[PDB]
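*Asks:* Next come the chains, spelled out residue by residue.
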Amino acid sequence: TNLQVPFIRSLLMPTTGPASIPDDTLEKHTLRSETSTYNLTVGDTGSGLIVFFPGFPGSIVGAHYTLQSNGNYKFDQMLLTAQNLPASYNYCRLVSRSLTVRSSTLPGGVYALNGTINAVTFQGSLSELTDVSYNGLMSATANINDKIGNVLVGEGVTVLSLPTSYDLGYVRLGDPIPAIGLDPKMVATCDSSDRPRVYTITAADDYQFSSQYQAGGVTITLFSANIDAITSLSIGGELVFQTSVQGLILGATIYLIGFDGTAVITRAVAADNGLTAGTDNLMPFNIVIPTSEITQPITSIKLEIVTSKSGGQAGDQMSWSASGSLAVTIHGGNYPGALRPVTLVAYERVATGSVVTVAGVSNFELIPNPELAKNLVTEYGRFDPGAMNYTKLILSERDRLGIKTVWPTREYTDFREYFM
Amino acid sequence: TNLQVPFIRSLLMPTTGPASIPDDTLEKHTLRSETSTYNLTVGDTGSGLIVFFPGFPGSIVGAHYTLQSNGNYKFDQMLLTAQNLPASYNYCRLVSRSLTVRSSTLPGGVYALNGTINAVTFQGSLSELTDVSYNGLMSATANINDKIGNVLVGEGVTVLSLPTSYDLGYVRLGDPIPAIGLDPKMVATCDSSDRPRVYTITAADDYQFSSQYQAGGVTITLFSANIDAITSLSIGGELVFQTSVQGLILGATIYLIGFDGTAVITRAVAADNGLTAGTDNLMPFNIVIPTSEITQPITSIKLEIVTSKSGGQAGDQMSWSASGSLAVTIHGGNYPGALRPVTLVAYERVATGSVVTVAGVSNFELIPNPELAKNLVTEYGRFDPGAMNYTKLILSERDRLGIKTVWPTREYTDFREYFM
Amino acid sequence: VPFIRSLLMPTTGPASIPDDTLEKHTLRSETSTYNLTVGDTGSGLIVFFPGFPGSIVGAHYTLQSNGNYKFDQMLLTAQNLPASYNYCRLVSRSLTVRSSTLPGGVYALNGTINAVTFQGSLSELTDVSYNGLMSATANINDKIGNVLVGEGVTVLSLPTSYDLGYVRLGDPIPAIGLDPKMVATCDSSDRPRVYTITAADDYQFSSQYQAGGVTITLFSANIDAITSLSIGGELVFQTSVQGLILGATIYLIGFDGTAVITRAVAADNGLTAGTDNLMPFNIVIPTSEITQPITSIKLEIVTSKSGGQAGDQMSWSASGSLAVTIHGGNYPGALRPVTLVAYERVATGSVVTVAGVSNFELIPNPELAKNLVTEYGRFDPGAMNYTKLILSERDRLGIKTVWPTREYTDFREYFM
Amino acid sequence: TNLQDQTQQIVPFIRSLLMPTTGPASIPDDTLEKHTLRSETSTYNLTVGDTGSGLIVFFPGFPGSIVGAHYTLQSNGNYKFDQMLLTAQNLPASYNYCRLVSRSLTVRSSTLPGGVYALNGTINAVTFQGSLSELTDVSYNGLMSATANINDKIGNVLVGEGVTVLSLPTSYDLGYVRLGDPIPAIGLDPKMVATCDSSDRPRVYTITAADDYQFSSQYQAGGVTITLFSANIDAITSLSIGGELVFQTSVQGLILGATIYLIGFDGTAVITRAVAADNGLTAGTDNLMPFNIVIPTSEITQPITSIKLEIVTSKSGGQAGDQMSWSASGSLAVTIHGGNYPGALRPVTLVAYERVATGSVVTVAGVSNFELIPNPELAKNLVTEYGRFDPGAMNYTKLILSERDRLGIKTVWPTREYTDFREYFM
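These protein sequences, in sequence, are chains H, G, C and B.
In case it helps, the deposited numbering puts the first sequence at residues 2 to 5, 12 to 427.
In case it helps, the deposited numbering puts the second sequence at residues 2 to 5, 12 to 427.
Note that the deposited numbering numbers the third sequence so that position 20 is 31, with each residue one more than the last.
Note that the deposited numbering numbers the fourth sequence so that position 178 is 179, with each residue one more than the last.
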């Protein structure tokens, strides 16, 4: 396809042009629409999973995972939009977005297409999923028109992002602010933090350790909770200890783990702390993870603890008793659309070595940079009395009008040529 | 002049009186309109800068800077309203606000007295300007009816405040809270923390330091980023240190530097921090900064490290590595109006003995503290259908009607005549 | 009008330019054909220089398994133009690229290709990736997304300016030398390009002695040369420690990260205290030395101490500017517009064909001018006003620079 | 008046040429390139010093972001630098190429300080198609004998009326120049910049500083300092000095050092580059001292006018009669990038005022229209297109500029004749 309005036309047919939300938020902005094109190579099994994010506020439209030959997944790439919008804008807000996925081409000298696709959208984040089996993606909703089963790969689906909320603010991007430092490898930015998401986790409530000496120490995994993040985050809290054995030492590292199970980030928050006997001894967990260090989505957190004893003399026990709470802070991640409306697209039995192409467009409302505001004109949006009411009347009669989020592309082409 | 109603009438001409916004945020409140009249002290050079905060939710209306004879600016005072709102009320949001800046000197001859005003408003905050010279202010934005220059100071400007968002809740003010202590200089207040603003900064990524020994230490500075703050803030994170020589101690000091160039807040985050060779050495950042410590707006931040050595009297070396991140959180920073729209009324070369006066009227919507709520009735906003709709019509039709945010006062007087 | 037929349909033949540059010349035209094999990824990048004034066309890069490109070959025209001519200029140019293998069934082979044209040079491009080329231009008729490799793009060459002079090609002059590897040529030098770089302003260095020295890279910047350049300027030093020697080596990095050209400028350069000692830059890079398009430079300095022991704290401090002079690199078309053509994963065993034609105006050699007559241009009035009227509304006429092939064929049949 | 920005409209080219406060247009000459239009402003309040007089040096055809400087006349006849006058927008921050279209600039003083009640001022003005260093005298009376054209001079215009400076063209087809834009570069130094400045038509001064010139002096304690030459160069942006001097002696034990000053217009030093320091020479052998000097645009604060080389000679050892003696030969070269571009240095209008009451503004105010090619960020967020089409606009421009002395078009106007001309031309 050779790629190169009212609000309802841009909402249901976003490959035409960008419009402005008729809500009560009245700020001088500008209009900007751009595409995103890929040819995702397939694995040896000829399967995979494409995790879209329909209403993300800007410039990330999901990732692609490949199904290995031993049941695991593997990260292929984080697939995003055309223009790097944090490099030239400060604020943003999403209007509409559509994407397709199809594989209508063949490898070198073959004769059959071989494929089927299951798609679903559901109200929760990626890490909240029960299972991600190809048979099992059709269970994780009860809505009649948020899931569809085995469309052919030769036609594929077309994912439409229906808007969750309307009266939404503008949110920051991770954009560089001017800073001067003694590092060529220095980043400075102003992240998005508008409606944050906290996770309180109390690890130990008077938990008592007991083991005998090993030449090197014994590692435990204290907890393995499930979190979810796509941009920067912070971790706070404090653990204490209280012992009677004289001269044993301690260490701890904090992991963040992707969807495919591999550790993404490590932080050694404790390293060679001796333990006095008689008082509490604290270790605070005050770490900050930026956005540029997270290369794939995060699915679980995990804390592990070693316990060594200087001057061992094996055959004797160790003992510590711990308590404390933590607070994982996903900055701006409870905003509606940044993490909640996640779709899934699962394809199976595609010919190995072939491709699956995705091709989208995304309509935003940007606010310029302090240089782009020198060179570009912002203005208030247009006015039409009765667009919000007509949009509500469309979305309330949703099963009568048959408007949904997943379909075959032939059905959406027929609906599109019927409306237009 | 002579200072002493629907939302359109109170929006275009805010000196008429207050009104409630036709938005659907329906709390019990009371309308209040107060004023602020200043006579300024023009310096020896004759040139200054009056930076207004138009959409700020309560009681802080601007700041005044006189530029010295050597190019540097100097802070004068903080322009604010007559009654301080946090002493008597508890929540607030802004309706409309006007400010006029002219001279009241009026010569009796035929010629005027010298002095000329520029004015501009722009979408970014105050630290996000390329230049603040008198010439370089009309570069700051690209909209035609959003800046004006070369107006003479007998005529003066009018700063009108057109909105940024409408369905937005109330901002709590920095009100005093009952507290009993032992230091008579303690205060406990409740800040504004509706929509915060975070600035993550990775200060070091395995940066190598290595220098010779001398008396006192080697004082370096790691980074100097530009931030923004009027009210309270808090800085968090840590920063590790590795070495291979053991006799080393180091100190650290943080600075918050305002707009004129001087440090407002100095606070030592490390002092005689002994480090052990071979293993990691932490340095945690746990500092909060209250509002009353901040006397002027703050436009940057920088860190310093003084690396000395215990008992190293001969000429030898000392070295360390470092890596870490920081998370500057300011509270209620991304609330629209709190830092985002700013105007800069600048004047240049006003005659000696001439005054530059600032008049204006601010229209609010308050909730009292519990002492005043014993005596003042609060109620819901009386409604009128279509005032929000007519607001959206007029702001859509803005540039043809010529509704500006900065005016010359003869033009605004003629607009106020031909509107009513 | 004979010039607009050759400008909008360059395979017809050469015509003369109606600008005011009245020189005796002759019209020539030659082709450039390539059958290109693909890699294991089946994905790469072709970077065309559309307005180049002769004898080079572009470059071909293959994309590896990771995100590293690798240079393949430098696409150039059929015969060698500096071997038979002295001066030249560009008139018009077209190139087509597609796959020459065809499906037998009904479903096409894999492969999909993007194209953009860019207003600036190759190095000053924010992201070079298949999704990223579609962001690099805000014009609608300057880019196209997801055409098929079985159909492919056509890259028409719209002008950057007229009223230009002729430029001198890299022709060789006679030279009786002693090396067989000794060439002497007369470079293009008309509207040159200079990058001035202040590398340091009292940067202080300190490091413990280690065996072999201490290596730091002092700067790195993006310069983008194709032809001959030069480095000039000076760095100074001042110490207070006896016995430190310095070495320094400059690198010229191509688009795929590999160092094309390394030049050493210092060896056994001993420093001395209580003085103000210095090092000069006197480097000229000839045209035959340059293998691929350069995109960066960097300077790295090694610091060792004579009489090495454990410690001793080597230390110095430097300052001084620098200047990189690209000889002729600011003439329009030599570097200023670029069309990037990026094909993502295509089928294995396919061959991607490239074919085109490029018309010239050019003054001959001293020998070929013994054999060949030259003339002034052919006067046809009202061709410049008509050319300006065509170009002044290209959005209305729909004159793209990166066509798809079927739409270019339909526009061609319409315009004839 | 209240200067409001434009670029919301385009005009015919000649309305932008003779009345450039109306708005920008494009130039119709053979340079068909995708560009955008952008009009800028410039407003200052130049303060009169102690004597009452001063000098404003404009540059009518300068291609980007610099419109001139301002100097104050002291009590001893010397001048003193105040500031350089610039365009509002820093154009190399978000553009790469440029081409100046038109520009007008008023200079008037119609206000009075606090306490006085009279007005008291006059203004001379002239244009000059040489350079700033090529001016014979720059005084208030010697300004008027700088050219022979009557439509390039005006004398004793009162400051309440003021003047108006127009930029009539120097040449057409003009190319594009490159602005001194920052390219991306990383390096372990905070004060590290890297820029791609202008170079199309450079200007080369060469100097034969010596041809076997002998030196002879007694041994003086500390050294003997002489200046070999001094010459007027007049650069305003970056440059580079190349060449080589050579020395030879027969006396043993001589060291020397060399330094180069770049003198401004007011006689003070701007840039000192110590090229040789503690350079010991041998005897009976040619001793080399090359120059490899590069000055960036950032280090230049005020416009350069003069250059000066200054050698110092010292002898290891010493008494009263050691007879220090050397001999120099060899030539130099000064490469000024983008110097012979028409408008970058060559036309210059000078505005000199006298007797205006001390401590009072002299307001300059203007407008300027360009043709830009955007930054690699701005060219992806902004649309560029070809110039509009009007045939026979260049013919009409050539005709009006041919009959310039008959229609009475002049580069410097006394603002009321200019207002009458603007009314009669509407």
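Source of the hints: derived by calculation from the structure; they are not laboratory data.
Just so it is clear, CB atoms sit at the ideal spot from N, CA and C, and this is done for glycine as well.
Any given hint might turn out to be false.
[Said to hold, decoys possible] Footprint (simulated), chain B over chain C, 3 or more residues, beta carbon under 8 Å: (1) 142–154; (2) 162–173; (3) 202–212; (4) 240–251; (5) 254–260.
[Said to hold, decoys possible] Derived Cβ-Cβ restraints for the label pairs, each shown as a range: (6) H:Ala270 x C:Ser140: 24 to 32 Å; (7) H:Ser172 x C:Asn396: 25 to 33 Å; (8) G:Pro377 x H:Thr228: 45 to 53 Å; (9) G:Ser76 x B:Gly143: 28 to 36 Å; (10) H:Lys309 x G:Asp391: 51 to 59 Å; (11) H:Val384 x G:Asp391: 31 to 39 Å.
*Asks:* All the hints need checking, so say for each whether the structure fits it.
*Replies:* Quick rundown of the hints versus the structure:
{"no.": "1", "hint": "142–154", "result": "holds (count 5)"}
{"no.": "2", "hint": "162–173", "result": "holds (count 4)"}
{"no.": "3", "hint": "202–212", "result": "holds (count 11)"}
{"no.": "4", "hint": "240–251", "result": "holds (count 3)"}
{"no.": "5", "hint": "254–260", "result": "violated (count 0)"}
{"no.": "6", "hint": "H:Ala270 x C:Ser140: 24 to 32 Å", "result": "27 Å, holds"}
{"no.": "7", "hint": "H:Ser172 x C:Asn396: 25 to 33 Å", "result": "57 Å, violated"}
{"no.": "8", "hint": "G:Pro377 x H:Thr228: 45 to 53 Å", "result": "50 Å, holds"}
{"no.": "9", "hint": "G:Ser76 x B:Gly143: 28 to 36 Å", "result": "32 Å, holds"}
{"no.": "10", "hint": "H:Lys309 x G:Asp391: 51 to 59 Å", "result": "57 Å, holds"}
{"no.": "11", "hint": "H:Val384 x G:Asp391: 31 to 39 Å", "result": "33 Å, holds"}
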